[PDB]
Amino acid sequence: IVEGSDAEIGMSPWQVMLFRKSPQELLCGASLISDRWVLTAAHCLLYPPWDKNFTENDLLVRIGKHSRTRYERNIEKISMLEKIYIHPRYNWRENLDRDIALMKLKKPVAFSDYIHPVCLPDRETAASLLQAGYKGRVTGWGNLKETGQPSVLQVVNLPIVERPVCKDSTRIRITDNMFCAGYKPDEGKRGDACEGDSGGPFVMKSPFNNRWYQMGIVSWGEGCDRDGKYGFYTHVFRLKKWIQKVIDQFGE
Amino acid sequence: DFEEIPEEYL
Amino acid sequence: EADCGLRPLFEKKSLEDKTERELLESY
Ligand SMILES: CCOC(=O)CCN(C(=O)c1ccc2c(c1)nc(CNc1ccc(C(=N)N)cc1)n2C)c1ccccn1
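Protein chains in written order, with full-length UniProt numbering: chain A, 364 to 510, 518 to 622; chain B, 55 to 64; chain C, 333 to 359.
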């Protein structure tokens, strides 16, 4: 997280760390949605340009973490992937359209004070919350500068930008399945996700029922916290039908 | 610079 | 889930974190 802040313990109990078995390293962020499902970006598992194409047995999921590198005994829990599911219509070739994937843990993880799932939104939630100006929150253990690594989980609250501004910030064809967030150059404040953060959650707390809902997944960005650039996120709700069908098809 | 995790997870 | 989005260390015990008010103030 560029221009973020140190997370408080249990502030983001649904935060997941995609961890490479060998070499042991951070791959991306991810989120706990149920006791057997972790949500992340499809590009964390498959992105041919960067030569990325992981299989279940290549990854470990580390849940309950706060510290970046330290194995937090008695606090975190590490799970193995049973099956990975990537959106059948995810466009890695062109613009990372439908950048989302699900990972089914080999066995359910026990919730605790540091491990707890995030709610996925429904039509009405997305409707009332996903509006330009509204601040969501992004968290991660990735780069603190576009071009070090943090010691602890970082957090930054970023406002949702208008579709027009997003489109007018890049040459990439933006789709309805995406939204961008971040502060404008004149807005004073700044902040953004960065390498190591992708696949992670963009959550908002509903002022109606006080729950945290994941509206977005850190998808892509040009650099990290640049003037005039924005972070792009997978529109979680627009693809919930794919999430529902997958979970109530092979899920538990 | 990651800390070794329990071999049990491999 | 019927317990999703309710954090043990905060909501569950009616404690609010350092920056959440900044979110709700933008709605
Ligand atoms: C003309 C050049 O400018 C552009 O228009 C952007 C080009 N472009 C990319 O730069 C690109 C591609 C793939 C990417 C990517 C960025 N970022 C990630 C994931 N990591 C981060 C890193 C940082 C951030 C962030 N700072 N918000 C987010 C995700 N992946 C997998 C692009 C965008 C979408 C689809 C294909 N390419």
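No wet-lab data here; the hints were simulated from the structure. Hints may be right or wrong, so weigh each one.
Claimed, not checked - Below are the DMTMM-like pairs computed for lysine to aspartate or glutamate, each with C-alpha atoms no more than 25 Å apart in a straight line: (1) A:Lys467 with B:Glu62; (2) A:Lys554 with C:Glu333; (3) A:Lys415 with B:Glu57; (4) A:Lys559 with C:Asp335; (5) A:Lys599 with C:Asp335; (6) C:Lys345 with A:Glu419; (7) A:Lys559 with C:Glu333; (8) C:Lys350 with A:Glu419; (9) A:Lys415 with A:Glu565; (10) A:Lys469 with A:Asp618; (11) A:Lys508 with C:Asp335; (12) A:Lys610 with C:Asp335; (13) A:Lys610 with C:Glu348; (14) A:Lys554 with C:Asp335; (15) C:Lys350 with A:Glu439; (16) C:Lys350 with A:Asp460; (17) C:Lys350 with A:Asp476; (18) A:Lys508 with B:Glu57; (19) A:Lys467 with C:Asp335; (20) A:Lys537 with B:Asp55; (21) A:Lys599 with A:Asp618; (22) A:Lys610 with A:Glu371; (23) A:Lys470 with B:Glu57; (24) A:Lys446 with A:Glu419; (25) A:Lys559 with A:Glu509; (26) C:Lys345 with A:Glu592; (27) C:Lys345 with A:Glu371; (28) A:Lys611 with B:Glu58; (29) A:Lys611 with C:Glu333; (30) A:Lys610 with A:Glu487; (31) A:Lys508 with A:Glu592; (32) A:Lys470 with C:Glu333; (33) A:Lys446 with B:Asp55; (34) A:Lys446 with A:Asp421; (35) C:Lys350 with A:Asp421; (36) A:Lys415 with A:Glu445; (37) A:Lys467 with B:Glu61; (38) A:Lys610 with B:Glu57; (39) A:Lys440 with B:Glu58.
Outcome of the hint check:
no. : hint                   : result
1   : A:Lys467 with B:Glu62  : holds (19 Å)
2   : A:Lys554 with C:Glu333 : violated (36 Å)
3   : A:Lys415 with B:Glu57  : holds (24 Å)
4   : A:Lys559 with C:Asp335 : violated (34 Å)
5   : A:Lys599 with C:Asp335 : violated (36 Å)
6   : C:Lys345 with A:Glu419 : violated (37 Å)
7   : A:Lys559 with C:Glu333 : violated (35 Å)
8   : C:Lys350 with A:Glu419 : violated (37 Å)
9   : A:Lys415 with A:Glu565 : holds (14 Å)
10  : A:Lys469 with A:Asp618 : holds (17 Å)
11  : A:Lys508 with C:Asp335 : violated (36 Å)
12  : A:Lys610 with C:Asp335 : holds (19 Å)
13  : A:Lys610 with C:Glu348 : violated (29 Å)
14  : A:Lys554 with C:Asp335 : violated (36 Å)
15  : C:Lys350 with A:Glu439 : holds (23 Å)
16  : C:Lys350 with A:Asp460 : violated (34 Å)
17  : C:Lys350 with A:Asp476 : holds (18 Å)
18  : A:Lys508 with B:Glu57  : holds (23 Å)
19  : A:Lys467 with C:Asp335 : holds (20 Å)
20  : A:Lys537 with B:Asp55  : violated (38 Å)
21  : A:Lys599 with A:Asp618 : violated (38 Å)
22  : A:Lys610 with A:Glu371 : violated (29 Å)
23  : A:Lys470 with B:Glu57  : holds (24 Å)
24  : A:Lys446 with A:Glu419 : holds (6 Å)
25  : A:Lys559 with A:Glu509 : holds (17 Å)
26  : C:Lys345 with A:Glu592 : violated (40 Å)
27  : C:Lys345 with A:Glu371 : holds (15 Å)
28  : A:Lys611 with B:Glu58  : violated (39 Å)
29  : A:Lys611 with C:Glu333 : holds (16 Å)
30  : A:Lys610 with A:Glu487 : holds (13 Å)
31  : A:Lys508 with A:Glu592 : holds (13 Å)
32  : A:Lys470 with C:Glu333 : holds (18 Å)
33  : A:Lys446 with B:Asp55  : violated (28 Å)
34  : A:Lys446 with A:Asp421 : holds (11 Å)
35  : C:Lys350 with A:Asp421 : violated (37 Å)
36  : A:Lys415 with A:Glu445 : holds (19 Å)
37  : A:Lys467 with B:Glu61  : holds (21 Å)
38  : A:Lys610 with B:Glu57  : violated (36 Å)
39  : A:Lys440 with B:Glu58  : holds (14 Å)
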